[PDB]
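Coming up is one lone chain in structure tokens, specifically the form solved without ligand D5M.
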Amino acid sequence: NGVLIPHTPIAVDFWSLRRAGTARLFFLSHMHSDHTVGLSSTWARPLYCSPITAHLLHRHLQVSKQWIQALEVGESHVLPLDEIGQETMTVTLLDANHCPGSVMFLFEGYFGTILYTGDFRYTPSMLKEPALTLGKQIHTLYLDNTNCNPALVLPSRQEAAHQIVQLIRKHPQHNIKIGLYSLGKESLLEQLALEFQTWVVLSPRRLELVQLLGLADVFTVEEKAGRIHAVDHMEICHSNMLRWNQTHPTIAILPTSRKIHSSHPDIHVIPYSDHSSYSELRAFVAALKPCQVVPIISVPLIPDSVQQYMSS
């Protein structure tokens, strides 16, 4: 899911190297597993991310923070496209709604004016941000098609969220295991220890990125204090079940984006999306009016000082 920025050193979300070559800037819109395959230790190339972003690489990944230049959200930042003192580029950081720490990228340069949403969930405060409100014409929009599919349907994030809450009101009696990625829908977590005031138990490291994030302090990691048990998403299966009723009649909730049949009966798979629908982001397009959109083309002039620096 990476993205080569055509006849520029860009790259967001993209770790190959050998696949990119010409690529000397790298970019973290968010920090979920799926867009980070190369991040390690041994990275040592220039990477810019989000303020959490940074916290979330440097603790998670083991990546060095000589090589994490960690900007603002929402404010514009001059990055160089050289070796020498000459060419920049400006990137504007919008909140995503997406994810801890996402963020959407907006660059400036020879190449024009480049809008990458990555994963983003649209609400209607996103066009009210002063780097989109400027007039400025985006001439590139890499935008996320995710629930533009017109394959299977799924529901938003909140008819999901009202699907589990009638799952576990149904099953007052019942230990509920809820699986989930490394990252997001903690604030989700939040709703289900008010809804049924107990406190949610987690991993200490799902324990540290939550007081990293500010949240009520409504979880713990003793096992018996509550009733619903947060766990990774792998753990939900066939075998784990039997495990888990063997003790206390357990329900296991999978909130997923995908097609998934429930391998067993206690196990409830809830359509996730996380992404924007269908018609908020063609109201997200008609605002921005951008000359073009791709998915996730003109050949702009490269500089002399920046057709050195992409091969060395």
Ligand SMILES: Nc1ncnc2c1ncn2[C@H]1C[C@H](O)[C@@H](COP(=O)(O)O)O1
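Residue numbers count along the first chain shown, from 1. What changes on going to the form deposited with ligand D5M bound:
- Among the candidates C148, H60, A70, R243, the residue located at the hinge where one rigid part turns against the other between the two forms is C148.
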Second form
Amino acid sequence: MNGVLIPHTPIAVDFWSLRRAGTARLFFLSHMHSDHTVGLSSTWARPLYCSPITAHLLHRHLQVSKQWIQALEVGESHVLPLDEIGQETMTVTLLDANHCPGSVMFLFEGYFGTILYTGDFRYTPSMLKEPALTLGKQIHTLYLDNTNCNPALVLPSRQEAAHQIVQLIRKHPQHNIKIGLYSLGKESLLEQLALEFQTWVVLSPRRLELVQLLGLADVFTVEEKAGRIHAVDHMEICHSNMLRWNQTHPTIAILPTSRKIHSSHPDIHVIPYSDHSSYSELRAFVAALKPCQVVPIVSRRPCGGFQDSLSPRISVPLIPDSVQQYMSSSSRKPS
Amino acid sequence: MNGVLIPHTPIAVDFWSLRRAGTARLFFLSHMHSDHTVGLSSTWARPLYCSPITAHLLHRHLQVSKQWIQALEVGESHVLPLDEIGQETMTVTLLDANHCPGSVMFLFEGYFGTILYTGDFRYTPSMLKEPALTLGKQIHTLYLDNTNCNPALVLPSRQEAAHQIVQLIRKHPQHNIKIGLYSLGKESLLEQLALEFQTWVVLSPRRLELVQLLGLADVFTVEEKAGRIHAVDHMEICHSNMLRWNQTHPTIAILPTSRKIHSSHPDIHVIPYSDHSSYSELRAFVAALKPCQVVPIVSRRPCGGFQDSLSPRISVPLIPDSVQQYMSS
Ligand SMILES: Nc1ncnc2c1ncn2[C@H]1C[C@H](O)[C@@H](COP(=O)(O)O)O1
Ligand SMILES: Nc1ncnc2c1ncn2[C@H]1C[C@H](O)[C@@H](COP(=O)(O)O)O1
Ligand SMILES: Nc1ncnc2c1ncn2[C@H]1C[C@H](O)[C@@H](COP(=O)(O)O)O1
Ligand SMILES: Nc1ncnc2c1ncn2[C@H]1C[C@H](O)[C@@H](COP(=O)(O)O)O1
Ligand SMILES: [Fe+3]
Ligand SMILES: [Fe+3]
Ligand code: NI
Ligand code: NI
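Give me the form deposited with ligand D5M bound now, not the form solved without ligand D5M.
Below is the whole assembly, all chains and molecules, this chain first.
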């Protein structure tokens, strides 16, 4: 459950348990992976803000009512009220997180200072050239995707990992290729492979719907056996299924992931393609931004190595009177 | 972030992100409020021009190296180079902006024409008696503080608003008076209040340091409880602190500001003392200056109502060749 209640503010990100969101009033959704939507369902009855692709997927697959889903266009600043009359406001800018379709970071600006919240993301130098991040503003808290914050874990770039996958498939001209994925993500990798090997990617109807939003080449189909590359759920890649698949057609299987996965069959390949920043990329990202502090988004994973990258700490800003009133609840008063 | 890159020139004002300032070479700081120093810290390593009081404050609180700070005396014309071959120059005159300690307007003159850049300012008729503005020169672009440029927002003069505050404090002789302020500014109001009520103003050590530069009466102290008027950060004025303060001493709180703030406690008062020209003041200012063009400095806020006061436009002046080489990236 990798979401956050931002302290001293009415802001929640990827956090949907109202029982525990005592003072939260403004709700944000970075992307549609299940660990960022725990407790989010058709019963949701509060305004939430997200990217247009996330807004489409959220209504489509979790049946949150459209009236509560406020799509904000990525890369445009938006003013949002922090009290009942918009006396106090903040600016939020969504920025591409380069993690999966719809994934964004949130730059929050208001009485509380400047907060960058990465959500899940994969850093690239182009990120630091975003206009919203090139104005010299000091970031006070950086909420960081620390999924791969392990100095022992080295990863190639996505481009290099994709190259390794191309090299491997070239050695298997007569093989079907199972690509084991999560429900959302890596569609751009599927497109690169379909173009390289002049073949169709076979997908489920749910993933074909999503691909329509992405502006990718016309290389995807639901038609069974229409091409050599088959997008499958990552859990389907196992020894037992290799033995079933091979009764119809020679098959190899690829798990593009940073996770450490023992290969149980000679034709199952684990290749460290990743949609999260590597440790070295996190170090570059934080050293460039020099925030006053770093707070991990992923509670169960390590976060460290940025002590010498921080700017001098700043005192906790006072909450404006009007926002205090907005965050209050009659349930926390007597009578 | 209310700074500007003046187009067709190497001039920047209150604009410090170098990566955006590829062709800017002359940097100016109108005053030390944080929305005018976004990106300016001890990493700054270019010449920087400002008023003497701004220079003292910039080094003290942002740790810009003295070697980069070029204080220019207010009200004096200064010739500044626009290249590195001793050819093209401009003249800059700093004029009192009447906004806060150290605040200035910049009159720029050169190949680009005559540009008046107000920064933040509060207009007064004395402003127009400035010798630099009484020579009949035609201002081509007036960069204007449009914070309060709303025909519906009517404001008293600072003197009238101060009088309202005096009237309020007279009703509570047994009370401490919290005055919620920004980090810089309104020290003259604190002085007037201490003299009116024959008491001391309790300040932070930082603000006491600044007061030493202003030539104000010996009415300020950092000694706790040493007087009835307490300068506090404006964010501290809130319902919760009224309940805390009154457990020690009866307390009134005053927010001197033009912002529309709802009072959450009977004894919190918002009084429209402002350090920004009102709309009616902006109109008299522009109407007296008749610039070719008015460009707002506060892009997040509305600006208009001046087309009746503009002079006929002029074509974009040519950049001299030597200055292009200076600006080259
Ligand atoms: N702690 C945990 N438990 C179970 N399933 C999880 C967990 N974290 C992520 N996931 C699943 C959910 C997503 O569909 C997929 C990609 O998550 P990503 O975070 O982008 O790598 O991984
Ligand atoms: N041992 C283990 N158990 C459960 N989840 C794990 C484990 N190791 C990594 N992960 C998760 C972490 C990320 O959510 C995903 C890798 O993201 P990717 O884009 O695939 O690199 O796999
Ligand atoms: N857009 C914005 N965001 C956050 N804080 C701001 C902003 N504008 C001004 N300020 C703060 C900064 C100054 O210290 C104070 C007086 O600004 P003055 O411009 O003289 O009225 O108000
Ligand atoms: N709605 C709103 N939100 C945030 N800031 C605002 C708003 N309205 C005005 N202001 C700011 C603008 C100036 O910085 C300050 C007034 O300057 P002073 O000298 O205090 O009159 O208050
Ligand atoms: Fe996640
Ligand atoms: Fe300002
Ligand atoms: Ni994710
Ligand atoms: Ni100001």
